[PDB]
Every structure is written in C-alpha cells, then in structure tokens.
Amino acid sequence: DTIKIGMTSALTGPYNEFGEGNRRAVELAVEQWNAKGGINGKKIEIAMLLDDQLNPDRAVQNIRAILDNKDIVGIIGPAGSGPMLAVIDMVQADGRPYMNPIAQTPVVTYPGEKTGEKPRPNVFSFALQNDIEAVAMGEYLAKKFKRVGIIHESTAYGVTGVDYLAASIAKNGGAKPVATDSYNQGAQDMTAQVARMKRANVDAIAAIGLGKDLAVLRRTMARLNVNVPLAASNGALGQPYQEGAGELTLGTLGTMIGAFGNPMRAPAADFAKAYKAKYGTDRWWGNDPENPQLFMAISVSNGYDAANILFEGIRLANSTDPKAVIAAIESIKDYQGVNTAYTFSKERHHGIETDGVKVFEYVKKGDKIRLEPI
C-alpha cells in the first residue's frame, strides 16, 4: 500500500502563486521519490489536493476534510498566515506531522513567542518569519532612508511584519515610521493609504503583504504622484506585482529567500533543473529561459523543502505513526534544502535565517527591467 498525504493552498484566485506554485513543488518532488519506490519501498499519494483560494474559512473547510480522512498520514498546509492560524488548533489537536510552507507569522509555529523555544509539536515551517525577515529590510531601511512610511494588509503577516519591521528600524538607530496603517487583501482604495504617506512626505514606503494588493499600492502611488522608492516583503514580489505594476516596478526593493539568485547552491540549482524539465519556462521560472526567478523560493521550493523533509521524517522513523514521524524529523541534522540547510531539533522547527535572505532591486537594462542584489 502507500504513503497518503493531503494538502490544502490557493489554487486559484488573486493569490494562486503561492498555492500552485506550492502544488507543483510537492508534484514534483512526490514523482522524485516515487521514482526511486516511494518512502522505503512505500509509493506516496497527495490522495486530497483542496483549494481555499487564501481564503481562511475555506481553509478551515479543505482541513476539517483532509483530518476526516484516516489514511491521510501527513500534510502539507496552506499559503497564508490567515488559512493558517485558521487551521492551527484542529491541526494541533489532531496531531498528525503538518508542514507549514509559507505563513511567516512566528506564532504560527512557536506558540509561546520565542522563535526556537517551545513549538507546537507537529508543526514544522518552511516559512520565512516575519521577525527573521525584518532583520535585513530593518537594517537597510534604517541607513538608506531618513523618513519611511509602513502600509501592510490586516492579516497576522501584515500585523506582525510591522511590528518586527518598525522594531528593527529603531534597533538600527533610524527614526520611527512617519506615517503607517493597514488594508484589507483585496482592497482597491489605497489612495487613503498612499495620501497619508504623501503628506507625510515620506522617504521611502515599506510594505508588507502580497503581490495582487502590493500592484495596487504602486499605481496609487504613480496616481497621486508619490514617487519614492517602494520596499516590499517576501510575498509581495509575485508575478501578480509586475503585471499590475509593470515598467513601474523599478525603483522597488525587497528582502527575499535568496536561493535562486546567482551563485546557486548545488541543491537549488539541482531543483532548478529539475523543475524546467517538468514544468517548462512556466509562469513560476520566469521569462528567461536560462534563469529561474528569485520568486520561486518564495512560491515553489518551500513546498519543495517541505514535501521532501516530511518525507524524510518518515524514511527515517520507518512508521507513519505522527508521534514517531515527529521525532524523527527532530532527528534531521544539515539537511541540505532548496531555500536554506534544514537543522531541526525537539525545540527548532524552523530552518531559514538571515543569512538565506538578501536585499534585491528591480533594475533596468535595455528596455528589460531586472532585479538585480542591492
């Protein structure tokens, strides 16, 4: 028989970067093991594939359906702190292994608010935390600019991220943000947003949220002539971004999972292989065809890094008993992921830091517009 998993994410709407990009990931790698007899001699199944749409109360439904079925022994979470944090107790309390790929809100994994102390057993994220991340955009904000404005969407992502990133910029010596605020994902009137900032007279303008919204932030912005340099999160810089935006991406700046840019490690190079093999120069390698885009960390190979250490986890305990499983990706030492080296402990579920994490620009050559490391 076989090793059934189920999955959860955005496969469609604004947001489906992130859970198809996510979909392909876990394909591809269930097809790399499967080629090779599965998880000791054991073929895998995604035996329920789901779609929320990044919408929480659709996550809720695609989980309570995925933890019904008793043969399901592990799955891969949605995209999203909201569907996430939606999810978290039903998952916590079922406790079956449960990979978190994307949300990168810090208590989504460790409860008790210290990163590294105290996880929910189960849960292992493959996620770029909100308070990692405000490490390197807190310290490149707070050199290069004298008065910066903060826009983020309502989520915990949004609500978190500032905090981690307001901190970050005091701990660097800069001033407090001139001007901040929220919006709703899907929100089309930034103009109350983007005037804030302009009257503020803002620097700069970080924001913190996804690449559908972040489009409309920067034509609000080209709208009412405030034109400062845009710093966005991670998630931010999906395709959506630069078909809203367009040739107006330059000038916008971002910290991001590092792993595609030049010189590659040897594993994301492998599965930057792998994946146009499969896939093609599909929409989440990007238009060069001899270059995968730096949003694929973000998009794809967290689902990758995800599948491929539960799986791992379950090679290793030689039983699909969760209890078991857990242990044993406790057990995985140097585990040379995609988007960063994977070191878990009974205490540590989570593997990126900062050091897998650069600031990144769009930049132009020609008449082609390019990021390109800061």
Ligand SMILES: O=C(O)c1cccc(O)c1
Second form
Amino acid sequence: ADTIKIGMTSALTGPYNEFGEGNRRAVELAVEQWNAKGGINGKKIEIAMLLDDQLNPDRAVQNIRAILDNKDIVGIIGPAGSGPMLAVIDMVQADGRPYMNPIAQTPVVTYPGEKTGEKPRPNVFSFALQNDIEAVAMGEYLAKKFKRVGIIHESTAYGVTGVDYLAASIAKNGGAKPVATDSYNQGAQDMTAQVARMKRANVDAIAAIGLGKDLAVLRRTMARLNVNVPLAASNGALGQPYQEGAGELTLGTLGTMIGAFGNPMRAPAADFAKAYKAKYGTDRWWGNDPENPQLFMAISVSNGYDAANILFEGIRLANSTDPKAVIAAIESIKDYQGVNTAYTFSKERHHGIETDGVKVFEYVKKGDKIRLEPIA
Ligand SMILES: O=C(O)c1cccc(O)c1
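Next, report the structure of the form deposited with the ligand bound; the form solved without the ligand has already been given.
Time for the whole complex; same chain goes first.
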C-alpha cells in the first residue's frame, strides 16, 4: 500500500545533537500518533530518510541533495542551525516541496526580504522563535535592568543577526548602547580574550547568543576571571549541555524562552508531555524532574512536533500530496493548537511564535536543585 514519505536531516550526532535527536523523537512520535488513527486519510506516514548533518553546513548540503533526489518525498523537516539552513535554503526554495524549518532563528531563512511576515519563501514554514522576536523581550529586559551590557555571540548568522536585533531592541526601549561586543567560533575552548575584554569594559551583564556547550565554556571562563555578573543567554543555549557543563554556575543565568512547558501548561503541551514521557521516559530532554518537563523541551523537541503536525494537517486538508496543494492548505490553517503556540498561517505569514509565546526566565535554587522560574 502507498505511504506518505517525508525526509529529514538534522544534527543527530555531535556536540549540538540535543536539537537533531530531540526533533527526531518529536517527529517519530507525531508520525506514530497520526498512524495510530489511520495515517492521513487512510494512508500511513513513513520517515523514509533520516540523515545526520551534525549542525554542519557542508553535510547539510549533501543531505538535502540526497533527500530532494528522492522523487517520492512529499515534504521535509529541515536541519537545526542557521548555518546549515542558509547553506541549503536556495536549493530547497527552488525545489518547491513543503519544507518545515523547526529551529533556525535567522529571519532570512523564511523572509529573505528582511520584513518578517511579508513575502516568505513560498514553500517554507517556520517553527523557530525568530531572532527579531526573541530580541524584543530580551532587549526590554536588558535595557531596564543593566547599564553596561557586553554582548558575546557565536560566529554564525544566528549569532551575528542575534546581536544586531538585540542591540536594536535595547536602543528602541531607551537602554544604553552595549559597551563591548565580541565573538567566538562554535566549539572554541578558550574564551579568555573575549571575557577579559568584557572585564576591561566594566560590564554589569553579559548577553550571549549561541548554544549550550559553548555558553558553559563562557560561563566557566567568566568565573575563572572573576567576572561575576549576570549572563543573559538566548533560548537555544539554555539546554542540557549548559546545565551539565556549568553546574552550580547556572545560578543567575537567565534567558528568554518559549514558555510552553511552564506551569500551568495548556492542554496541547500537557498532552504532548504525557505522550513523550510514556514512550521515552524522563530522558535527557525531559530533564531531571519526573513531575515537570524542562522548559527547554520547547526548543529542542516540541518545535519539531508542531512542524510535523502542521505538515500532516496540510496534507490532510489538501487531500493530496501535490506540493502546491499542501502549501495552500497549510496557508489555510487558522488557530491550530500546537504545543508551542497557536498557529495561523497565510500566503504572507509563514511563522507562528510571537512575543506572547515567550517570557524571561532565571535559574534559581530550589532546595538543593537548580531550576528556571519566570522573572518577577
Ligand atoms: O539559529 C540557529 O542556528 C539555532 C540553532 C539551535 C537553536 C536555536 O535556538 C537557534
């Protein structure tokens, strides 16, 4: 019997595999759930291809080539990481099949003309928290709390566009200009020079845009050079690799996060958390508290879940896997109750998460453990 075949490439192994493996588990769970109900209008779904790019742009190119080469693939869940996404995006756009972008936050992944919510790439739908959107909450917070903000970012478009939007939001809220900026390459082991720069500039806070493994190195380096100021990090950095690498130093780190798993949860987040736990247990993604999934699930797991459910709903509504038909059906979706947000798409609107879907959180000590609570 004919099946509906989708393809995926993401960071399944290596230092940033929290995203690729988290999304993989999400998509597999969405696939099993649809299939348990008969598939899409009676046709079962298969993940025909599941490739590993390791958050590496060159590997993502090879993988997307391979996926697009398979004529029977009707839609794609794309890689984590602005680097990989930007390396493949022209090819994906030219191909035309529906392509979900679950994570990458650089706005030109979806809106190459740099106005969010206008003239999106026609086949691309995004479940990311875009940088221009995350910067609104983080910029207001930094402008109000601090006077001498230093900014450190990974040297990718995520990091680079991140700082631009963060500094612009700080300015718009009337905050002081950042007193120092600097960058590091993903995987850098020595960040002494950048932190020493922050120290010479007498920062009262450091904002960082990057991922967990790296933020932990940065946090440890601050401690090492006696730079004891709040670290304000991006959502994508506040994951298991940060907590594990930073240990006690997580205290006082804060960040803007998709708030879906914060208590109390809305029904779709609660329903998803129950199903996830039933299959995978209280694993790395769930975190260290059996009764409460960690907030970081939203950016490592449920973005992929929502991406898959929207793709499947589009196919269901279209009653076809023809790419233009699926795209038009996705653009017809209104107020779909996803885990991370309610989704409403249109010909112009190809992203879902807005500022109402995020809040600023801080690590605070709860007895003898350390967890995120929302800021005052
Ligand atoms: O835009 C990215 O490169 C990215 C990668 C992982 C998590 C995240 O929030 C963003």
